[PDB]
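Okay, here we've got a single chain as structure tokens, the form deposited without the partner chain, with questions on binding and movement later.
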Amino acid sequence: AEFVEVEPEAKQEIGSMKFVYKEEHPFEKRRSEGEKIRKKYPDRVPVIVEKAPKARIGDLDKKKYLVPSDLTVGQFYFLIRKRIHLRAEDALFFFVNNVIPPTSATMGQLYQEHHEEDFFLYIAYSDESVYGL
């Protein structure tokens, strides 16, 4: 009899966002890999990180990250900043399903709530605070 209290979402929050990674690797190969990697490393989460459309920021050398579940989103920002040699004054924003995730969440929490059907979490990054601008 209790209502499910549905959490509000931003207007732009959209599932199944486009990533070049997903265009370049067939779904079932991604899914098979994601299942396997979750079993092999259960306290890590597999993450794809890609530059958002229209972003003006350096590209990462590598898209696939195997991340300790307890690492925070904030700690992950700092890791990515270093990987792309951001300057102190440079901005960095992450997006999951078009929405900036909470800096204080763990990567495991983010994964739990937002992983896709292939068992990966997808994060886009940008110099801008709105995905795709």
Contents of the next structure:
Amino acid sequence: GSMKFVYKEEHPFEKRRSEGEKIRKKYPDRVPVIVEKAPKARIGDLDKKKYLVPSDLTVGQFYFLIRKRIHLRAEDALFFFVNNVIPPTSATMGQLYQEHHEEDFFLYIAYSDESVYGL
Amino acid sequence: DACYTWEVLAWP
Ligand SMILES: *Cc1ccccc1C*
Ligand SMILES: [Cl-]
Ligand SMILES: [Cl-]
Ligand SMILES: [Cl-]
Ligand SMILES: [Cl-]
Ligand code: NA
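Alternate state requested, the form solved in complex with the partner chain (shown: the form deposited without the partner chain):
Complete assembly follows, chain above in first position.
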């Protein structure tokens, strides 16, 4: 649709899937994650979108690794969404990948200053 | 060589 993650708009399905299958075969202890700013977010940008993440990384650990790349100030709030839902704090990144990776074998996560996606 | 477009994350 017209509301679609930007990475999927710029790379077609079969090309994405081929890279997802290859990187999962080459680095089976990590999971490929596409990280993008939510559309209506008022927040700093990330240098890159494509991350290889240890499966055993906690969600809270992942939050901090992205926060320090955005260079947020202490008073700046940060929220993450998988299919419009904030992940449970008890999840690992491998768990989110296993539950929610798309058919191209990427896991998509969005970040925002707001607590509701695209508010 | 397959990772020129991928950044690897880690925790100490
Ligand atoms: C995928 C990869 C290979 C070697 C060094 C760093 C990274 C992210
Ligand atoms: Cl989408
Ligand atoms: Cl295609
Ligand atoms: Cl770091
Ligand atoms: Cl600060
Ligand atoms: Na869990």
